[PDB]
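Here is what each chain is made of, one letter per residue.
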Amino acid sequence: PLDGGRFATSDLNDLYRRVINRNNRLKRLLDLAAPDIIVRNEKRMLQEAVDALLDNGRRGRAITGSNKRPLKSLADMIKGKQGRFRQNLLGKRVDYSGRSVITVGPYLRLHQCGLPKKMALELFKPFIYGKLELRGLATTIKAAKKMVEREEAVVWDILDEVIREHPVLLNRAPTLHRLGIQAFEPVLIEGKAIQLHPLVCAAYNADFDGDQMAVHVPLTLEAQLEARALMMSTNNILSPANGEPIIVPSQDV
Amino acid sequence: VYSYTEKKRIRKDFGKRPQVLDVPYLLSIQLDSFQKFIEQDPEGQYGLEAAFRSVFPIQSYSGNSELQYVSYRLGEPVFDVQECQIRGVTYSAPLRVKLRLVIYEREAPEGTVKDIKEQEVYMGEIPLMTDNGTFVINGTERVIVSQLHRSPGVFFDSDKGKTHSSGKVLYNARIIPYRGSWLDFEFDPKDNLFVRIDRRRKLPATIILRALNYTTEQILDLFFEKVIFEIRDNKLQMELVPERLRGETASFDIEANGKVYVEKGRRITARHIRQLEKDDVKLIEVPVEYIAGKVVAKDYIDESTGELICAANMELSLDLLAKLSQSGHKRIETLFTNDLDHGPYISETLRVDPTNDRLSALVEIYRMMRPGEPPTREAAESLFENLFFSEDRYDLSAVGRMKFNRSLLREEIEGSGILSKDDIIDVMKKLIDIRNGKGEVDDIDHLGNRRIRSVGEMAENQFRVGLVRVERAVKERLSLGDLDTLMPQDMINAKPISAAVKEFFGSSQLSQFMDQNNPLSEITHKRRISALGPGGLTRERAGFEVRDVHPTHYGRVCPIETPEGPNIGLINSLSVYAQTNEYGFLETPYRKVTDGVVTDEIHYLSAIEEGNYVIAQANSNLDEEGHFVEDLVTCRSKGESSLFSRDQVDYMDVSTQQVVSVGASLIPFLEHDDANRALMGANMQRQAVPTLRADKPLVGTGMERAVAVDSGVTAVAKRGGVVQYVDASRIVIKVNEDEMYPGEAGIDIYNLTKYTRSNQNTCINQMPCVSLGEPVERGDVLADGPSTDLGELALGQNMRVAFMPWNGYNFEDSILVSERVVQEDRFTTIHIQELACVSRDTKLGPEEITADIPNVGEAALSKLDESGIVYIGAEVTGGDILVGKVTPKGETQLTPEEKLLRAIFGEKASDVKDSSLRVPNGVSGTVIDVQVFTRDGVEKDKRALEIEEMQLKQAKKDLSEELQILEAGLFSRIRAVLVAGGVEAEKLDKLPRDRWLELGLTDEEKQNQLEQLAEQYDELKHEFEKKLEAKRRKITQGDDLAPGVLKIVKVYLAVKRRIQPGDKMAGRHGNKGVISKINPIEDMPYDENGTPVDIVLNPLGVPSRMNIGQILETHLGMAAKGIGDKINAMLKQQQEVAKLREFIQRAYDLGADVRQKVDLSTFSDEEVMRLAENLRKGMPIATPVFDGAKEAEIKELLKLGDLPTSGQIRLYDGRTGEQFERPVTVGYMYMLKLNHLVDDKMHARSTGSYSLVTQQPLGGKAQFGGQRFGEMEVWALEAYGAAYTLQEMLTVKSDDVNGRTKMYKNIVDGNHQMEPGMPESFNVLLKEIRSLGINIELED
Amino acid sequence: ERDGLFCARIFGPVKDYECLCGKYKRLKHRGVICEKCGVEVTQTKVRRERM
Amino acid sequence: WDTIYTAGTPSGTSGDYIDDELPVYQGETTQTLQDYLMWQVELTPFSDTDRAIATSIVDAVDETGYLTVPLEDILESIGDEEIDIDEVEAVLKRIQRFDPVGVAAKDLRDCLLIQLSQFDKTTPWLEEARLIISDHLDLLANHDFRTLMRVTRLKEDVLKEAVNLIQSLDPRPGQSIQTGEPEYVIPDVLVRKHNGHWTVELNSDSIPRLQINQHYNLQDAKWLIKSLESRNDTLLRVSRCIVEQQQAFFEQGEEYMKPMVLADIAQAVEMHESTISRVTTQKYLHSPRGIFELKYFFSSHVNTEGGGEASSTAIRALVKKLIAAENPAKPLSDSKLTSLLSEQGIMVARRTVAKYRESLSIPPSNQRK
Ligand SMILES: [Mg+2]
Ligand SMILES: [Zn+2]
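As given, the protein sequences belong to chains E, R, Y and P, one line each in that order.
Residue numbering for the first sequence follows UniProt numbering, starting at 254 and increasing by one per position.
Residue numbering for the second sequence follows UniProt numbering, starting at 2 and increasing by one per position.
Residue numbering for the third sequence follows UniProt numbering, starting at 52 and increasing by one per position.
So the fourth sequence is residues 88 to 303, 322 to 474, counted in UniProt numbering.
A few of these clues could be false.
[Said to hold, decoys possible] In silico contact screen, one side only, chain P against chain E (beta carbon under 10 Å); selected entries:
| # | residue |
| --- | --- |
| 1 | 108 |
| 2 | 111 |
| 3 | 130 |
| 4 | 131 |
| 5 | 184 |
| 6 | 270 |
| 7 | 272 |
| 8 | 273 |
| 9 | 296 |
| 10 | 302 |
Source of the hints: derived by calculation from the structure; they are not laboratory data.
C-beta: ideal position from N, C-alpha, C; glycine also.
Bound-form chain E, shown alone:
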């Protein structure tokens, strides 16, 4: 769609239109009994149009559009680094996630992280709705929606109740080994930056000069138990590449 309530055709539609036009012209010529030197030319052009539709540029030369660039065929949709397999089926964007700048917290314990409470309020919203309806504060879903919108004084107590023993996953990119994702218990803080335990930075290859991290929420009971038993930072003191410790002091310590 464009401005003014008008639409522009995409690449697949263009290729389909070209194929249909060639097919109609060939059918009309064949029914009209034209000389062979013309029906053969139409047949060749129809073959070229179909070949362009199926795989554009593989044979001959790629047909371009208004932007002097080749059109996208079906094979282009299927394959490549921008195809379905690698862009949608092997990795994808997800809900219940955020990101922010990381700072240092020297007071934390090895199983703890520091999470801003605005991020936590946004990430744990259906849990807050459920807890609000459970204890009679809200009778309907819309009442809880309004209460969370207003940020009343009781929703912060609810938020402290829901995050009490619920782990979160912290991830820093690029993920080079499996220690690029780790599970922590959140401690609600003010400010807008995520606090990170000093002893794990070496595992993340992270430093506090502008790095950012993403945070994900596990939902079901199996995911929470997997976070507590497989991915928590207290289970990852030894490297998997060799047998040496990775959570080790450095620099100031």
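Could you slot chains R, Y and P with the ligands onto chain E? The hints should help.
Then chains R, Y and P with the ligands, alone, in the frame of chain E:
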């Protein structure tokens, strides 16, 4: 002798080498190029003249009529720069061209002048450049970046030994024009020359020669040396040239006069050649075997039969020699070949040549250019004539011709833009010579082979590109009759030129939004060189050797300032003194050295010229008469450096900062930093944000004033005078009569810029730095722009810092900040934002901006005025209404329910819907400005009327000021003349001006002079009335908008942001970090006087990074602050001016033979007291980049302030009162606030909108998108073994729709369990695969 | 258009339970094929899975 | 010279479009009123039958939030014979309290009562407003205030407070959910006054970049190039003829448009009537009076006693002008209108005047006092 703006506060300089050449104007590269583009030219070498004369005259096919060009002109712009920026239009001027049409009669000799008609025609608009080298396109400032491309000419290259598996090197030679096609000559692995055009199919080399009027005999004559055969009736007694025998072994008995100098089986040596040359050996007896395989030169035919014996390019044989012996042939010609030299390549290619004559070669060329197309003679010959030899289709330019001739060693620089036979022949000969080891290949990264192209040249090229289309249209139109009334006005169209110019200026690769964080960002952007763009390289297929520091970059391109990442090495910065040739090659200045005496003559040398000399360094010590000191000096010559004697030197560098850019020249103690950290600091320095107050560095390099003044952000006095009026928003200067033009009131009015948005949505704000009644000179600073302090660049703040570890809060580049820093708003910034509401017109009626919105409460409409526009000064948050607008819903069927609704709730609520403008969610601020634009014909509202009243008052103010000055002068003259007639002194003084107007005198010339003066007074009044009327007319004029658009309203909001944990801070030495904590003031370390520190930095970041400049800067900042503290202590307990000036003179006299001389005896006591008041927060210091301050001088300055010489003091713990066990380094450092605020980084999401095809969450913060969970995160989860977490990621959180809804319902229900399904993207994949005719399906 | 690349007779309705001409609407006509326009009365998501 | 704009909205983009490859368009999802309603339906403790009834009910809600079919239609659409109508009524009552309150109402009285049922009992004039809405809601529509006062047995002040409370409610609760953004139209031909006469010119917002790909096929596109030229030529000619024939509509507004038909323009421009009907449809012109579709200038006619013809749009404008200035104490019936237009030479009927009044959406004479 210091200027007024410099005498207020003088920066103490530690440099020791005198300056012989001042820093040039830093924006010359843009202004010169556009001035070349726009100015009139007597010849047609540059600009619009060269483009016009490249196309015109344009004549029809029949020759009956011709269109010709005479002159062009540019009118005055409609609006000013500020008006264009405010309104949102393009600052440009109209182009007028005087064309003429001539008619030629038929049946007449040549062209008879039946009629010539000349007319001026409108060609379009041309954007103009402002005083600071920028363009205002659609109201936003833009920069066009210069490009570093390959020069035209001829270039010889070779493959490095890769194109073949044998390791043999293959050479090639390319011809590169400005316009036209490419011509490549290349060697084959079989030593066969080949010719390629436009990278097309490889063709035999001799096809080009045969296309030209050339024959095989002529070819062999050109490319080979002859050998003469005389058969003197005895074994073909041969003539020999001794040097031809080198590298060969005798194959027979070589004798002269019966002595065999070289016998069979003996190799020919140099001494044998000496013997032959001494004896003049000519007659050589050789057998037939010596002529068994030699190639015949020309064609020979028997005189008896007359038939052809042997064709050209034929190797002889015994039978052929026997046949030609009886044919009466005594003189024969052969070719000469060897291996070390004179190798056979043309003959073998002729052997491979399939063509025979010119027509065959042209047909072959036509087949190559056009595949399968049946060619003829005419098409082929026309195509080959037009390919390289037509002025309209092939241009080599003037620089291309110069380089072409200089490569082939020709004495002429001038020439034509087309090729010829001689040029191609010479190129082939040069390639052959290089093949035979008699030449050298080029270096395509040498800065003598790379040219700079600026804005004017690009604009000229685009204008010519448009002119060709206009010419085609004219030629198509001119081929008819009806000429008895035609005029050139109906002959050309503005669109084909104006469209091209607009496209180039607004949507090119090298046209970019100006970087506007601070003045340094703008200066750096305007001096940038790019290797990308049209006609340049690409980020991926560029190479590895083009991203490297070539030795010829010395003094022309900064080796330190380049963007790290993908574009490293492809984006460069200019050096401080670098210029360009008249051809576009960078050159740099040097001082000529003659007779061992370094003089003051400056010569600008380019990379080609520089390599032939011996050039000394700027570190070299000189005597007072210019002579050197040591018999050995360090010099550069032929790309290397070594020691040379005092007499072998030719030149010398002008400065020690000649090799760096502007950004790198602002880093103090650069020579003590590693290059990586210097690069990082130079990049970081230009993304700092201006704060509420400026703060001069207090440790600088002396380059701050140049950057402050040459950036254009300040207000600079155009003429000298006195400050007649000073105010927070305007300045009025009373000009000296020595500079006033005749017949004017001498006043200059400067209107300062107050709280204006920049491209990065920050504040631009000017403040006066002068006071009422003080004198100013030309070029002094009157107002300070953003990040400027009394005319110096001030990007950050001076912080008191300590280096020590503090409980893990500065672990891994974290920063601990005091609460007193926050309390004083030292790093607080202002951010401004613009929003717009457009009242349009649609099919169902016009939209209306009004305050009567049908279904909103009285509280929501509380801040809207009577016109539905928010008040100035209102505080707004998310969801508040800024402009109230309604849109017509249309008409319905009018069922009884709708009629009942109309009856009850009113008819307005049934006709319109609410479509107002609201503050975006999560945005606050204060409304500081509203601008309303109304289309003509429509009526103005109250808001627009008030705005127009304000603007009219503002204009009337200046008009009244000038009129008042002129009226006062005229009245003074009138009264002076009136007294001379005999009028009373007191009576005239008490008589008012109206009474001065009406008075009588005698019948002398006094009455006539008074009448003349009164008439002049009336004329002055009329003139100023006319000026005011015109200004009012322009102010109150209606506006022309886009079709349909009726009204436009713009609202500006302003907010203040404070420092907080997560914000990024940096210094000038590559030391960046993030704030981790804000500490209460009584927890900070304090010294013995109870003074706390502002910032604590980790000392473990210094030794591994090797940026030692920050430690020295800290020490010197401590010393400067100590000097300032002594001055402040003297000032507080009021002491005599003598003591103040004595101490300040002692402070300025410090140092080991510095070049700065400050004398306080020529200062008045007022000046001394003002200077002391400006130095009471610390004395600023300058240390040049490679001519800075030593440790001894820093220690002396520490001793002057009664401070420890080691720079380390005793600190105490604020929480316990206990002394730290070791001394700590405490000082002052210049910190910056970078534009990486955590307010713009934090983002979170639970559920939102999804894509339509993939049904997956969108991306980005501005779309409330999700985080990507790519392949590597999947691998990590697989390595852990968390299968359920991965299944949650893949299905119920991204694109399983029913699973999404059921998971949300279960979570709200208190049941944490999922029921996964199939992702939608897999179904899409199945459909896409089945659209390819492949049956893929699930089963069982 | 009819018999085009976006035909509603072939690929389904453009709105939930509404045919193209507008004679049949709402959930009580589900599965009905309108005779005037030839469009089925069903969900509009079948345009994602009909070839 | 073409007029250059003296003001404009600076373009939203602030980037350098450096990337040479960008993905294909996909679009986003939107939340309409029914999406929000279904989202609330799912999170409510219904049953299977209740959820099916709720789905069928939400299917019938329109853009304004009003139910569009009777409950019998929903009960039939369920398709199960055990279900009665009271269950449907209960599910509808539960749905009507979703956000926004009053949505899915049968008629205005029901919506107003639903909204009033939510206010706390301590609101002062609650019972009076409830009585007014429940019993006598059309006497308020007639702005009577005296017969309503004679029936409600109340003083003036209580009635005024009740009316103010009633008019503070929301008659269209479902318009709060704004998923739409106001779309506009782009005029194709612009009409401006040159030398005192109106002349037309094509809009320069189109794409006139005539280019070919000679690097490598374009023969078919060469025909489209001139097809575009033919389209521009026919549009320009038809619009020029329309403006030339209607020189007086722009100068003096309506009441002066001529009664033209497709055949006149077809004869003028030498093209078939079908081509004229095709060009002048969904194509607009911009004038200092507004944006008008080209079809707007074709109209019917009625006989004029003077011997000419009067366009129907002129008669509609005259009816509007006469009714706008009628007697406030006693308005004008169409019998009066046909008399006033008779003396001017316009020979129209009475039912035709009534039809014109209906098309203008003007209440009858008795309702205009
Ligand atoms: Mg980092
Ligand atoms: Zn239908």
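Hint check against the structure, violated hint numbers in rising order: Violated hints: none at all, because every hint is consistent with the structure.
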